[PDB]
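Let's start with one chain on its own, the form deposited without its partner chain, as structure tokens.
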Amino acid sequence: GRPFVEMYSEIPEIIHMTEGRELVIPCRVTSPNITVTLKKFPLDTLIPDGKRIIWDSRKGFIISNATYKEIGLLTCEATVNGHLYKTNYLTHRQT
């Protein structure tokens, strides 16, 4: 039920992307104070800069201009009360 509004575990949510276009990783959370980390598999953290990558607790991560670097398995992580919670997204190019 928390911290992610919609959690995808073993079966990731598939998201279609296009290079040069906005990509939203929709791991919105149930309250705005939850710190969420974005990792690209295997172990590649994407830090939001408020520019090319924005965090919005009500929307998820917004990537204004998606690149080849965002193709693949993306995971949002949040830690609550000593527990690590994960939700998974698999991107691939529209065509």
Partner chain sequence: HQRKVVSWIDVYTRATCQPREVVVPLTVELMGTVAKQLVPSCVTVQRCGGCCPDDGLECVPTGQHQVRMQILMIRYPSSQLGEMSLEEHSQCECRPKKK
Given for the second form:
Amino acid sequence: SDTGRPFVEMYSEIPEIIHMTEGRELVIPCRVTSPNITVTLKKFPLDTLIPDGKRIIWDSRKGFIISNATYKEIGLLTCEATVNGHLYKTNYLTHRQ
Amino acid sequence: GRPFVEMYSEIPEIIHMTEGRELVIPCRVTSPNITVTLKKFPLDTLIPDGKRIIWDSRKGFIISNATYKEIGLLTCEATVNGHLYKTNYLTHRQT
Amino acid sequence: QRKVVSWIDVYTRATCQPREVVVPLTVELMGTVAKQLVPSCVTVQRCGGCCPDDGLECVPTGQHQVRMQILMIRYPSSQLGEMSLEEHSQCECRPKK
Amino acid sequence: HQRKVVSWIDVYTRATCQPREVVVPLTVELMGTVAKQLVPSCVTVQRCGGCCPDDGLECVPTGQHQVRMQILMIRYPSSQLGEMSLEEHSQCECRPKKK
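Could I have the structure of this protein in the form deposited with its partner chain bound, to go alongside the form deposited without its partner chain above?
Once more the chain from above appears, this time first in line as the rest of the complex follows.
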């Protein structure tokens, strides 16, 4: 089996299209199964965003919940997780209008 | 050590060439057993044949009936003890 | 600034060679099911640079078609498509016809 | 890696707002120089190309510098090298436009 995959919503060769708007909530729904999996939200290109309060929140059953999203967050956000050496990555494409 | 008679210059020799005429790339050498390659960036490289393109140690490359392909920068290349030496030559035509 | 780019390289990096150009994808058919293509531009290898004189033009000596997967956001849960372009592998300075 | 058909993902990143090589004519300034010919007739610079994911956002430079690059000034008994400086971008960023 493939069981051992960190990411719940399988696939990601095409990112999930997420509608968003500036000033409001942004949820990058790359929810893992097991609570304690190290997930790092990126954003093409080289700027990783790290959890904390509002400006980034990590939730195992939900995902990265960004309060007051900006244009800085418009585009391809990648969620990464290394499990037994293998680097799994799930993709999410945002936009407006 | 250096194979080419003229010391290296950042400034290449200027040649006032013309199509259909004879073109000489006058990169003569100091020693007789040197394999000199005439290169032309991007990657064009003129292989001598004994007639249409003639290599000669006491004169250089001799090209009877020059083409448009020969307009631009031509670089005589030579490798001595691994050390690659090049002499650049800029050709141009009228207008 | 940095260092003065040596003439050799200025010339090297200024000759007729295949080089990456941004191709905006507005020119073609833009009606589909209503929306926008993603990305709305592509990068492709194309003959560029300047030749020795005005007499010579910089033309391709080898090219091909590039099929590139493009996502077209719209109605409803929108679908991913294809397009072909002209990529150049080798170039040369030819006299203008 | 991901098809003879360039995969989406590989297409997007490739065609994303970054600094890239663009052919540019000789600068008004070295177009005035007393020289019989200027070689080369163009210089390739690095500039914010690609595209943003919106009509609203424009790809602009957040890091940039002037490149000094020597041009050949064919002239006189002897040609010499002259220094050409122009705008070149290193860091780029997709930012909102102006009205």
